[PDB]
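Starting from the given sequences, assemble the full structure and let the hints guide the process.
4 protein chains.
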Amino acid sequence: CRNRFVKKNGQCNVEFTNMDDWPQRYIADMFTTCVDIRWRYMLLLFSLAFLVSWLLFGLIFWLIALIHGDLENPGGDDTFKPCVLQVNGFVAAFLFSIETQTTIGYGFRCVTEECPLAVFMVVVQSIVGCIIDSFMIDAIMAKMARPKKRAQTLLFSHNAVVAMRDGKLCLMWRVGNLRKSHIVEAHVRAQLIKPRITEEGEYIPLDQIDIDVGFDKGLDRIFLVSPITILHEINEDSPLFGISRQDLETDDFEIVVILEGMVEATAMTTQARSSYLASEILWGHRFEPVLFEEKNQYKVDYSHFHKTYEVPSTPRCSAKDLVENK
Amino acid sequence: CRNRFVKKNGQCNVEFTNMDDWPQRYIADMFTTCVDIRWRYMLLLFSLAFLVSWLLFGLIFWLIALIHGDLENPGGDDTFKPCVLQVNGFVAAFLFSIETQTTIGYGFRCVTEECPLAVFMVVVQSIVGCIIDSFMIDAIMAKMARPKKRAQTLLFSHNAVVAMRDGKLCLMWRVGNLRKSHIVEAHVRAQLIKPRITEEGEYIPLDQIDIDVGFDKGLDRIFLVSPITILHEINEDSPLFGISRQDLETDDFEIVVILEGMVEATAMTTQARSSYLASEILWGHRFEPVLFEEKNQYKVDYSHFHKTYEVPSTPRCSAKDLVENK
Amino acid sequence: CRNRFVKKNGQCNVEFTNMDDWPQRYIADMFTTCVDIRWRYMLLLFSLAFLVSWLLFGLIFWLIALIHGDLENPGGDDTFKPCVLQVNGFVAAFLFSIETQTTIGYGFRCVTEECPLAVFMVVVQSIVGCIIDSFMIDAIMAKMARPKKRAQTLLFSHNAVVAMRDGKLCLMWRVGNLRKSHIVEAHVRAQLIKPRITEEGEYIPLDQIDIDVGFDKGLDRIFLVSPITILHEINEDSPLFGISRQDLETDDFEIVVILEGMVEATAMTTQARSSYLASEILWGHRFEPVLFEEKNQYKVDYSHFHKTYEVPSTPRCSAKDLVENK
Amino acid sequence: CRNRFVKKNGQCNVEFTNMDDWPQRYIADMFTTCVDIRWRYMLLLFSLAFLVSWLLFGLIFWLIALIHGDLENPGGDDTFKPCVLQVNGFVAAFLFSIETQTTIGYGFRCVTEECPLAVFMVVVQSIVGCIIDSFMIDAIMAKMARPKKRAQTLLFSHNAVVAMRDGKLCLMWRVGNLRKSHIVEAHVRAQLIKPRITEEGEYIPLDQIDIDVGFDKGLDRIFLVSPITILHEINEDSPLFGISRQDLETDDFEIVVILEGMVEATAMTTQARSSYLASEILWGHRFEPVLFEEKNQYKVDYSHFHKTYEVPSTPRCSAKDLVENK
Ligand SMILES: [K+]
Ligand SMILES: [K+]
Ligand SMILES: [K+]
Ligand SMILES: [K+]
Ligand SMILES: [K+]
Ligand SMILES: [K+]
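Protein chains in written order, with the entry's author numbering: chain A, 41 to 366; chain X, 41 to 366; chain D, 41 to 366; chain F, 41 to 366.
Take these hints with a grain of salt, some might be off.
Taking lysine-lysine pairs in the DSS-like style, the calculated list, with each CA pair at most 30 Å apart, reads [stated by the list, open to error]:
#, chain 1, residue 1, chain 2, residue 2
1, X, 220, X, 189
2, D, 220, F, 335
3, X, 189, A, 234
4, X, 188, F, 188
5, A, 257, X, 257
6, A, 121, X, 121
7, X, 188, D, 188
8, X, 121, X, 234
9, X, 121, X, 208
Think of the hints as simulated: they come from the structure by calculation, not from any bench.
Listed below in structure tokens is the structure:
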């Protein structure tokens with residue numbers, strides 16, 4: 041029943057409220073804010089930064105021309121020389137500004153030697169334009185690179201299963217790579233999520249309890265070429281020790297699964313996520329194989345990635361009762 | 041009493057003195073120096089690099105024009121052709137330099153085919169301008185990206201508490217994320233800081249003693265969506281084993297807490313810090329919940345993040361006496 | 041017999057099929073796709089992005105000139121002023137577009153103050169050109185940096201060997217650095233690859249079984265200056281415990297070896313790989329030394345890197361029988 | 041006597057010879073080569089790339105002008121229009137090439153609409169110039185960022201010492217940060233380096249044997265604000281277990297020390313190194329303190345960083361004999 045902490049696609053279902061002092065923090069941590077806000081708003085924010093600087097300097101060059109009297113004699117002559125040739129109005133001043141900062145510089149409109157202030161504005165604008173260009177480029181460059189996107193081409197199975205492997209009752213789920221490029225330093229985690237009351241009567245809204253998948257022997261570290269089935273041996277130390285098939289079909293909990301590792305190309309860590317409600321766990325099932333031998337290679341059939349099949353010999357009791365008996 | 045090693049905001053309160061050979065080291069490690077020095081001074085340092093190069097080449101082009109006799113006939117004619125059209129003085133030479141290096145190139149001032157030296161300067165300046173532009177861009181790009189800034193949007197609680205959980209006396213503190221973007225490969229550390237004399241009579245000004253929060257089982261690794269309460273079970277192996285409530289209110293020590301993990305966007309490791317003096321630790325208290333169930337999601341009420349409430353049933357004695365008795 | 045999971049050069053021999061929904065995923069994870077597709081196609085893709093944008097804006101400027109009547113009077117006069125000087129046809133419009141977006145801006149063709157639409161196109165194109173330039177630069181920058189390339193200058197030996205060291209039967213293989221720059225945070229892994237049927241009758245096409253090389257004591261972490269010989273002590277916990285020399289020469293399995301660590305320069309993790317078929321493992325052999333003392337240094341003779349030599353005293357039985365006897 | 045594997049400044053003293061196939065590998069791993077070769081040669085290599093491309097296209101534009109007959113009528117007239125205005129010789133063609141690729145584009149020399157080949161060269165050169173600019177920028181950007189440089193501002197002590205702490209005989213050495221910016225995820229390693237013959241008579245030129253500094257409890261992980269003294273408890277599992285003071289003064293071995301961690305700014309892992317010959321280890325000594333209490337802070341006196349002082353109560357026998365007796 042209880043709605044889920046994290047969805048099948050990995051997105052976490054939690055909203056933060058009464059975080060009143062956030063704008064001051066988001067300002068101090070601005071580069072972070074900027075790479076998170078969605079494309080449309082960023083490209084717009086940087087369009088504004090150009091437009092604003094272009095209009096700003098455009099105005100200054102216009103003022104200089106207004107004061108110097110260039111608007112009445114913009115081409116100059118033998119006696120009179122303007123600060124900037126051909127600034128005859130605001131649009132021309134705007135054009136000169138864009139031409140200068142972009143560094144297009146068609147040159148019909150052109151700064152002269154006459155006005156040290158105009159020369160200074162060209163100096164300052166050039167330097168400002170380099171700074172702004174850097175900021176844009178960077179933000180775009182960072183945002184482009186964001187390795188969270190790699191989780192789209194990493195795949196968890198829709199279902200987890202419980203079944204016997206090598207004499208032990210195990211929780212299992214599957215993970216796969218939809219690319220030729222590897223996930224480097226790849227390793228996995230899992231957590232049981234449920235509310236809990238401590239023996240001292242403390243209510244934990246959602247306690248996160250570790251699901252052991254081999255950390256202590258380094259077996260949480262995986263080298264995934266073809267899809268792999270992750271194993272959680274359900275034993276005395278597991279929080280599913282007393283969970284039988286009957287319990288599972290009526291119980292209310294969640295199992296969050298995580299795959300972390302580096303995108304081979306950029307060597308930046310991504311974190312793929314998914315989840316399994318107690319209802320989505322299939323007792324007495326196993327995954328259908330996807331790897332098979334070829335003439336000169338192996339092949340993975342991703343059509344059979346999510347598919348499972350029942351195993352009647354699977355005990356229906358919990359792992360506690362399975363050992364309590366024998 | 042004793043002033044603190046690290047402040048609540050994470051900044052470390054230590055000054056380095058008699059580090060006499062630092063400038064030679066800071067030069068060899070220059071990129072590091074440059075990204076650390078504050079914005080104002082960096083933007084100024086790069087403004088100078090442009091201005092210096094602009095003035096430098098400006099001077100050379102002026103000298104060439106002076107020697108070649110272009111200052112007396114800058115437009116040239118049927119018989120005489122200058123090295124650079126329209127370099128009539130220093131300002132013009134300066135303008136040509138800026139126009140060339142920025143690559144604005146209005147073109148009224150324009151290099152000719154006549155002087156192999158002028159042609160060589162345009163070649164060298166162009167190449168110098170690319171180098172300098174790279175250096176600026178980079179520094180700005182690095183400095184912009186600095187992931188320490190992410191610690192502003194990560195939150196430790198103002199207080200740590202001591203209380204019973206699941207039959208064990210525990211030190212606790214809370215950590216939270218003020219963003220939707222995750223901290224990847226997130227994990228926590230803690231250290232007790234105090235002076236110490238060894239049995240051999242050695243004085244350690246500030247010994248740093250580990251506060252176990254689950255490293256040996258990988259439980260120091262956390263997946264924080266909603267705020268989490270970090271647990272240090274106070275047992276025989278803990279350095280707070282013999283610390284009772286009475287001791288805590290009169291004792292003088294510090295507990296430094298660290299949260300490390302990667303900014304999801306850039307996948308760069310940040311290190312959030314805070315601290316708790318013995319006085320700031322609240323014995324017999326617990327944190328008020330912030331996570332609650334909604335219709336279709338969960339919600340975190342950050343107004344109640346720092347709030348605590350007393351628990352009278354909490355034993356007042358140390359964990360040593362708690363086990364010495366039973 | 042069975043063909044190998046991963047080749048000597050580290051490339052994995054697996055093809056993914058029936059991955060039907062890949063284009064939608066590869067689009068959402070586009071930056072990843074782009075850095076993977078080989079140079080030729082990327083440089084072409086970015087050549088198209090310029091050409092397309094250049095043609096696009098070229099067409100718009102031409103339309104403006106067509107409508108405004110500039111094609112009949114492109115230089116303008118005392119009464120008539122064009123939107124863009126000297127746009128006399130499509131090629132001229134194309135030239136103006138390239139000149140503007142590249143920001144070359146020769147200026148013979150030059151935007152005027154007359155047409156707010158032309159002024160707007162110059163604004164939009166400039167901003168589009170900055171965006172596109174960023175995307176190109178980035179992709180090229182990422183692709184250039186790709187640290188997988190570092191595996192070319194890291195070397196596994198062609199053969200693994202089995203031999204006695206310090207009273208224990210050990211699997212061994214060698215690793216080496218072909219550069220002066222180090223591999224930082226370097227560490228090693230190994231896995232036995234073979235098909236397997238579980239006692240419950242489940243077929244695992246290729247189970248991956250850990251080959252212990254010292255993870256639990258941190259001895260998998262290596263500091264490689266000169267070549268190093270990696271050791272897998274074959275003991276009760278090893279999956280080669282019951283493998284004797286006779287078994288090895290007739291058995292069918294694979295040993296995949298991995299060296300992970302960061303390129304000192306970029307501090308990006310690379311993952312060098314190789315493999316050993318059961319046939320490629322030389323029982324009763326040891327590697328010939330390559331490090332020798334010099335006058336003022338040490339020297340590595342990479343000619344003798346792969347060379348081995350037999351040791352008759354090596355027991356021919358498995359490590360199980362070696363301990364079963366004594 | 042035997043010369044040392046790694047020097048006090050961290051540089052490793054090993055030369056690689058008979059690495060015959062290196063150029064083909066260094067080519068495949070080119071980005072790596074490029075960032076390693078020293079500044080002077082890189083800046084020169086990129087100067088050549090510009091010069092080469094500038095000369096190349098310069099030549100093509102000249103050929104076009106030669107064939108089209110522009111060299112005889114470079115300004116054009118009412119009947120004749122050149123491919124590129126004012127290309128009157130090679131220097132002019134060279135100038136036009138530089139002007140175009142740099143995108144300075146003074147414009148006196150200017151491509152026309154006349155020659156589709158000239159228009160194509162401007163297109164191709166622009167695109168080539170963007171590519172080359174990217175390569176340069178990148179290389180410079182990577183090389184600039186190289187985090188090895190951070191090891192200059194990290195400090196090992198000149199000496200290691202042996203002394204008693206808390207009832208155990210310990211090897212000790214000191215590490216320090218010469219910056220305000222932290223080393224994130226900082227941790228330490230150590231290795232004993234000496235030649236060795238195995239009981240099976242195998243000669244290991246330089247075996248590397250781990251010096252335990254707390255890996256198994258995570259105590260190798262350090263949070264260094266002020267300088268820290270690293271401890272290696274010399275016990276039964278240590279390879280210095282049977283080393284007494286007398287042995288140390290006549291013995292021949294080396295102790296390599298490593299500090300790894302991320303530069304806070306760039307979050308890139310650096311690896312500081314140093315070494316101690318058996319002669320450089322001071323038995324019965326301890327380091328002088330450098331941290332002392334101030335009014336409102338702490339202060340580190342780096343003048344006393346390397347200084348030690350004797351402790352007569354230090355046992356002169358090995359840790360083996362120290363426990364063999366009691
Ligand atoms: K121009
Ligand atoms: K970058
Ligand atoms: K220009
Ligand atoms: K011009
Ligand atoms: K330009
Ligand atoms: K121009």
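Right, here's what the structure says about each hint:
With a CA separation close to 16 Å, the supplied pair residue 220 (chain X) and residue 189 (chain X) stays within the 30 Å bound. Restraint check for residue 220 (chain D) and residue 335 (chain F): not satisfied, since their Cα atoms lie roughly 48 Å apart, outside the 30 Å limit. Only pairs whose Cα atoms come within 30 Å are accepted, and residue 189 (chain X) paired with residue 234 (chain A) is rejected, the gap being roughly 33 Å. A C-alpha spacing of about 20 Å is found between residue 188 (chain X) and residue 188 (chain F), which places the hinted pair at or below 30 Å, so the restraint holds.
For a cut-off of 30 Å, the pair hint linking residue 257 (chain A) to residue 257 (chain X) stands: about 10 Å separates their Cα positions. Only pairs whose Cα atoms come within 30 Å are accepted, and residue 121 (chain A) paired with residue 121 (chain X) is accepted, the gap being roughly 24 Å. The straight-line distance between the Cα atoms of residue 188 (chain X) and residue 188 (chain D) is roughly 28 Å, inside the 30 Å bound, and the hint therefore holds. A hinted pair counts as satisfied when its Cα atoms are at most 30 Å apart, and residue 121 (chain X) with residue 234 (chain X) does not qualify at roughly 80 Å.
Between residue 121 (chain X) and residue 208 (chain X), the direct Cα distance comes to roughly 93 Å. Violation of the 30 Å bound is thereby established for this hinted pair.
Hint violations for this structure: numbers 2, 3, 8 and 9, all remaining hints satisfied.
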